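Heads up, the thing below is written out as structure tokens.
The complex is shown incomplete by one protein chain, all other protein chains being positioned as in the whole.
The chains carry the letters A, B, C, D and E, assigned in the order they are written, with residues numbered from 1 in each.
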Amino acid sequence: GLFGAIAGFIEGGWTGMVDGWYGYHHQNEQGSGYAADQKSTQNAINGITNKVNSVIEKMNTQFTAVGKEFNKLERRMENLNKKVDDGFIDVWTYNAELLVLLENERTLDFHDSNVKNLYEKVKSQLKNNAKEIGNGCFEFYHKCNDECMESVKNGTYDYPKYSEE
Amino acid sequence: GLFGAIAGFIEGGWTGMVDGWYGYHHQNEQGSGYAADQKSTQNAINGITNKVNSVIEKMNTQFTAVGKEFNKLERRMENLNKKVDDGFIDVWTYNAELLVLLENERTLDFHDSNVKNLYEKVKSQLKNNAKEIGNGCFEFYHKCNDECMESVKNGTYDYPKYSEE
Amino acid sequence: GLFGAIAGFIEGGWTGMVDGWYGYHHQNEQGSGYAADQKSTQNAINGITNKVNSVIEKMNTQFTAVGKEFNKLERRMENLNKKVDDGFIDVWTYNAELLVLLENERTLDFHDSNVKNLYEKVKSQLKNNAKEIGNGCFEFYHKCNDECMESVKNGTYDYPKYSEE
Amino acid sequence: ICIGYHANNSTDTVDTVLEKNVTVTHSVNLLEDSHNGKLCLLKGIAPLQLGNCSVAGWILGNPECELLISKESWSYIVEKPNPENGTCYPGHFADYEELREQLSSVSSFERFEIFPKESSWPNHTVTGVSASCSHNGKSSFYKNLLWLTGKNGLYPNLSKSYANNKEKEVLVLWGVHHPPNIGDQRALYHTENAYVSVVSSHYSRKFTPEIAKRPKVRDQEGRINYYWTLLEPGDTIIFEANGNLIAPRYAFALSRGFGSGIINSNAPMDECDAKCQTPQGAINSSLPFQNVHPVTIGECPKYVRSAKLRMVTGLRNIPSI
Amino acid sequence: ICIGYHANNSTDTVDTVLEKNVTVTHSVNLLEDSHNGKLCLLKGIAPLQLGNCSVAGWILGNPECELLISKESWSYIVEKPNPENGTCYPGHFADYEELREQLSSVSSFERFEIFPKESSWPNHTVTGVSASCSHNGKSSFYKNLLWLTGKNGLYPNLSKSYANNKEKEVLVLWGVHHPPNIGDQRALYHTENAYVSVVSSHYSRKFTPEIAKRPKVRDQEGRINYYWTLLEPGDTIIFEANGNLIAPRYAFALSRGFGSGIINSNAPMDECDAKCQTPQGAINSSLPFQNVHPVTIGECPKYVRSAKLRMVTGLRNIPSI
Partner (left out) sequence: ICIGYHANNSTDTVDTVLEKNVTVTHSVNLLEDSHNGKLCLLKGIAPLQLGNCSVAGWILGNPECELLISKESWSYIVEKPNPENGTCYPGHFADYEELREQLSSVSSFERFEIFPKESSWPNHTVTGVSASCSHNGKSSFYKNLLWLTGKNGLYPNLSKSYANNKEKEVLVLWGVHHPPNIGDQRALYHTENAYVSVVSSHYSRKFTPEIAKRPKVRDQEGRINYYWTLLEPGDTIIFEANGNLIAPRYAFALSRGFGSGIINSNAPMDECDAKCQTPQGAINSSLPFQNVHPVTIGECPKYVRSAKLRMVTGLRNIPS
């Protein structure tokens, strides 16, 4: 949507992947599987948990507020009272609804950034070491095993390129 | 602005292009012109129509709101009435002005995202098929006719790259 | 954060750099140092000054608001005054606190965009003239002196590529 | 093949968060600024136009409000800020401001003569008017109240009752009169103690006349205090007095409704129809905000003090290569 | 190696600024909609359940409110929307709504016999009841006030004083009786003048009987107006009267406290220990908002008219391997 990852050049998610929000789907000769990311997931969890906690924190608990019973020569004070009660309800409803609505697009795009930020740091690591297909995938000229695979999160590479050109 | 497309690496807009917000200006030997995009355009109108309507929805019509006319011995109650009526007008005036102010930067950046999202998806299609000049244009190695050019909307290319090195 | 530059592929700021928010650290034979950028920096200062000023502007100065002194038989009106006084302070507190909280993230994301947008416009400048290490740095194969290096502000290059492939 | 964006010559100014005066391709005035300039109707129904009368006069029936007595249904009420008719006989209108608010709820009237002038008071003179309450050159009095006086040098004990069979609340109005001399009190009512009792099942009050000299208002040294109460279905109201009672002649059976109000306006009336009315003029409401007036009637956009409320929809405009 | 994102079976619909109906992996309801349905306790302490009585009847001692006289502590008060047991003997309740707001702060009572029935009024008969205030088949009277009558054809000048030594404000109530005939007045108090003085250091009022025929309510033509005042620690209240004084019998030493209130609710009582109580039911308050009722008791979520308030936490859901 706002960033090009979701529904853009990576048009989908993987039901197979659990244990995190982001990760990889390696298709190796030594087995395949959905190894879910760790650093970017828990970092996103920290942020959204703070988002939520930081949103309800800003909302005081409504302590006792009860009706007021005005008299027959008090229609005016009765209407003014209702004008206040309704006016504040109106303000808190709008403040509440307008916050989730606006903050929803921001939360979704936040994940968009996290994924697009993960698409890099790997395109940036595999500078000339892998083929970039426009579906969010990388074809290794390497036959990268389960040792260098966990070495895409970090890396002190057997860097020399072997020819496939 | 937030993304580099508008007023950034595409320093101007095209008065020539109508029929949409984004599009292309192909320079082929079989004629040039401003073929305006459709998919990203109608998709963007949907969202801005949603934003606007989802914003005015959150504003219930007023209704009859009338003065209260107090007597010479009800000065306190008069100020409290003036304090409520004015206090609410302020909360709504501020909110309304602050809403368009904040949400305008969001909409402008949204078009930026949409344009930058369209500058991609063509670099993703023309992998080795053209020279990328940073003015939002692509000079082709191919002699892409007015048949494959409209195949930039999707792309089922007679792909083999021709050398121009 | 939202963009990949700050705390991302550029893991820090430079204490050495003063005189601006963004800039460069050239490693030349004619001396090195932290040359602070000018165009994007003042542009960010302009934007941040309006944010602040456009935000305090939306806050009309509180004029005389004093207690109201009810008598022994006006508890209802006494509470109503408190309900109005508090209900509104609650609204202004939330509006004030929630504004800095959300717009602070926008400001950081705003700076992130500017640095990442500055990382571009140079990749668009140094199209094929330097090796990009994903650390926000460029080692030139060129021997760009402090004359062409000061030409990263504009760029009129002794363009020929040197064989380095 | 090139990637770019649309542009036109539009001069639509917009204030963004990092830049003011931002020109944009498309936008929309989210705030209503223009108004009709006239007092229009409200979904077809017309408002109660009080003219030179104040609520005080219309509900008491200031003879100079000859023309307001017909209208008995309405969408809203218009009052001149300083209406020249009202009371006309000096005094206090007990709870005036509440009664205004009572009628602000009313959607229709049925004015009826609770105590018909003719046949309600035999043995009591009912032919009483004042130069202070003059209409068409002649001295008059309110159309809805009635001034009872001694008849044949006698003000016999008074007891008149009304029981509410209108199955609507009946706004009962009456008043008490205060002479300046002891002579006027004695010459008019034939007693100096003078009681005035008004008792319902929800209202009871005993009135007694206070005689004293007062500053001349409307060339009158006396005063007439104006009271009133709503009488719920089934209830009865009993008026008893030894003198000084301005008896009720006409009262009103109220039908309550939603959305009416009292507004002050100098704007003229037309035949235009409108969903929203303000003292300034009608408003053709389609926007959520407006800034012509905080007072509003009907279905209107929420009022704000703002001037622009622009809200861009498109993107930046960059013509000329 | 491919980079992608999580997905689940979640059907959680959510609304964004540019898109409605967005299904997502994870979210939070953020708004309380379900409630307990019953009037529960509040952090253990139970509410003063008024039953068929109104505050007027509870605090005056409507004999039919026999069972409420015991309870002297509570977290909150509940009143039926239409309580049929109150001022059994008709009259005006001076500032009733204010006394209600007074009691909303009280957290505890100390009902005590200010003027003991036996020994407070020798020389005045106090065995006076009315069929309007009938309790258990026999006519009765309010348990907290007391009806002083003539004894042996005399209503001697009355004077009873009380000094507040309770170190708390004393809610004193009293009433004045207005006979319908002159006959009942002379037969009951043996005088037609009849004064009633009630004096504090901060309260003074002289009451006088306005005798008149009124519509019979609870088949009664007379009336009793109910007055009251809080009496500050150290202050003394003096009652003097020539007749028509309905003397105070039991008073209340009020102890003020934090957030209590009077609510109208027809939900039944149960044994649940709710942290929040509303007229509709209790709420197990964890969410920041609520929409069951704007009236609330205890520590509760902010009330809003909203229906959804979802707030996604996860991301877009795109299944199908």
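Everything below uses one rule, namely that contacts are C-beta pairs under 8 Å (C-beta built on N, C-alpha and C of every residue); 3 or more make two chains touch, one makes a residue touch a chain.
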In the complete assembly, which of D:167, D:210 or D:232 touches the absent chain? D:210
Pick out the residues on chain E that sit against the missing chain. 159, 197, 199-201, 204, 206, 235-236, 238, 240
Kindly note down the residues of chain B that lie in touch with the hidden chain. 72-76, 79
Since one chain has been left out of the picture, which residues of chain A touch it in the full complex? 46-48, 50-51, 54-55, 110
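Rule of thumb we're sticking to: only the chains that are shown with their structure count from here on.
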Two candidates, A-D and B-D; the one with more touching C-beta pairs is B-D
Roughly how far is chain A from chain B, going centre to centre by Cα mean, in whole Å? 22
Please report how many Å separate the Cα centroid of chain A from that of chain E, as a whole number. 52
Centre distance in Å when chain B and chain E are each reduced to the mean of their C-alpha atoms: 59
Two or more other chains are touched by the chain A residues 1, 59-60, 65, 68, 70, 74, 76-77, 79-80, 84-85, 90-91, 97, 101-103
In chain E, what residues contact two or more other chains? 15, 17-19, 97, 101
